[PDB]
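One chain comes next, on its own, written as structure tokens: the form deposited without the partner chain.
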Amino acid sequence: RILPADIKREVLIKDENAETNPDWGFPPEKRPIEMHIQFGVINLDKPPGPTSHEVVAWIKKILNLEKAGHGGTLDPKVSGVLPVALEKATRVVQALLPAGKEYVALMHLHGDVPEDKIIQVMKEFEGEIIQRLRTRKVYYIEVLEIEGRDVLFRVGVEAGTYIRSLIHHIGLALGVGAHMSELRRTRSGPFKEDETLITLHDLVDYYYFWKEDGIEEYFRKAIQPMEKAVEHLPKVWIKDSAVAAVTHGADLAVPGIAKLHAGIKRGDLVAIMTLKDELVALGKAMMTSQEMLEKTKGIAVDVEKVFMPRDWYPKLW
């Protein structure tokens, strides 16, 4: 049940004395509802029927948004986890598109096969598979239940793996053939089936409860802080005196770091966080965790995407 996103990370401390000034910035739950939307992500449970693109156009018209973008496009008949990044948080999907996914799938065999052979043949698909020509990882498959020709199973895969096509190859390897009759995405990156997973009915009702009834509590729980879209990434946390500089397009130099995750290698996509855990920017490491820790000078992260507004923190340079 393990995806590469699940790896636990260790926090290496670089500047023990760093503290944050509670007067600057807006940590997630200090955000007024309007600001929460501007930097919000919805963990939407997509219904079977409409395309991913239509669903988002609905959300935009009904919530009066200018902009919104989903991650991994689910097919029309497929339900489940569809991250919807809103307004100024739109560009964080680029952090999810590449993340692992998980599905519960219903496979219909075209001929009779013993239960044991199904389970045994399916376990052989863990590891690499081919399709399109391209290669792609299956991290795990588990067979929940078999009912004659109906096989219900969970599968964890890398971004861009077609389950439909996986199921077809399972059908060929059994001889009798098979098609996918039902599909549901249960996870995408840090988005999972928890209490944040919200249907469209709930989404739109909470919205109205807020707009028309003055109750803010449900709509506010319906939207997640954009920081959520970044839980799976390695992070470096920076001092207050580097934050406005970073938001102004400065590269992040070693002397700006308070804390970082262990195991960062050159080239890695990193999230840059304030000590309040607000998201500042996405960048690409120019140093390993050990270098950033030992050194006192140099560029540590190449700042590529900046999300935090330039006025949350003072120009401390």
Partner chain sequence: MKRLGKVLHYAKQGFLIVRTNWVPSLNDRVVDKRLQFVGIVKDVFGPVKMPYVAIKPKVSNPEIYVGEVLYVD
The other form holds:
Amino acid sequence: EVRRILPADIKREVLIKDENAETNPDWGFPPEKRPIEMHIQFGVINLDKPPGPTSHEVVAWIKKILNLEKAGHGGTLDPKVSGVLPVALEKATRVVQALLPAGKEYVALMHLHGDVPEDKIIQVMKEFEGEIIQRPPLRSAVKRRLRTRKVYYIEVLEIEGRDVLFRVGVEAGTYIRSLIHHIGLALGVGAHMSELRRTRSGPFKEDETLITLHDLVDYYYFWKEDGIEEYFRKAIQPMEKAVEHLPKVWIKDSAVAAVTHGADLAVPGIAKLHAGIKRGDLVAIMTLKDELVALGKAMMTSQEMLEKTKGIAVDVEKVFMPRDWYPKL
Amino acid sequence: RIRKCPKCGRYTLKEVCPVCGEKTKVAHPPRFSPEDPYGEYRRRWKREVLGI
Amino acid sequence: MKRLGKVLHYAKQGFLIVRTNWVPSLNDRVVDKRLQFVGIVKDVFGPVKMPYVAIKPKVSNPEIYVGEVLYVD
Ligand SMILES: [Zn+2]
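I would like to compare: after the form deposited without the partner chain, may I see the structure of the form deposited with the partner chain bound?
Then the entire complex follows, led off by the chain already shown.
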């Protein structure tokens, strides 16, 4: 509990509504049960975007290379920017809804226009931690009103000449470029962002799952030409990964069948859920086997979902799970 | 130019990592073109290393 | 008027920077204690608790107002 780390790092408590709910082993397709074909249908790539193309351009390349019909990315990265670019595929394409508003982390290089003592650089940068005022750019919105945004943390890494390398964690909508420009004004001499790379976007970060377009295509070829599935399979994360940072509600089988058949999530359909859910919050609706069923907006707080006997706990906005997994109404 | 060390992934501007002394590399991945020239060559050695 | 002034410096990029504990508005008129008018607010930033303000100098020669308290009428 503190604006000092990325919210995705904060663990939530699991409240239990119904302790005896059980799940049928015959129903559903947990990640470790999905054939490669199906894994792709409900997959998300943790792509290391290269500097150069626009993110849209990158998605287009991927749609072509993998012969896909649908794909989408979870957080626009400017052309010169590299880094984590989650790319959801086919039936999972809309899970980006859960990523676009997630917290982000970057490693940025600021170029000062004058000589300033290190201590003053560190001092002034520590001032930009927390809720700050940052008006949107000239490109976004038709109402350039100044709003606030959270900078979860700013950590200066190295200082060479007038070049300042630093790591920064922020809530969606925070422009690193503006942040650095403002720091320049605060220091008087001025500054601009010379380089930028994203190291975290929601639950996606720089780990073994981060893969480049070169690796992607090659692993693809290994699967298509040599019949090797292991590499391409690992290059694709199951959609469930794209929802790891979201508060969840685990529902009974009958509730899963109801939701995958157009109904909303009923309060009595909840077996257990995360605490801290507030009305209006985006929540991941999960199966008792941890499969993603849908994304929705919370109609009540965790405490209400926990104690209530009836009504709608969550308004379903998008269903990912096919109707044949968990059959009947 | 932003760099990072292959081991311990520390980010730095220095050629050699201040933490482990091992050499660092530009953090950005190589440029990509859908035409992917040399893709065949790359896969030839890659199949070898992986054992495909 | 609304105080919270005292210019920290004249940023090389052409703006008067002032620290404050209140968030003013854009295009707000800025004046000295003599109501001479220095310029107009062009940007507000930094922490919401103690923000920085960039006054677009509209005087023949700024830099003199550094260390000088500024107000908003
Ligand atoms: Zn190292």
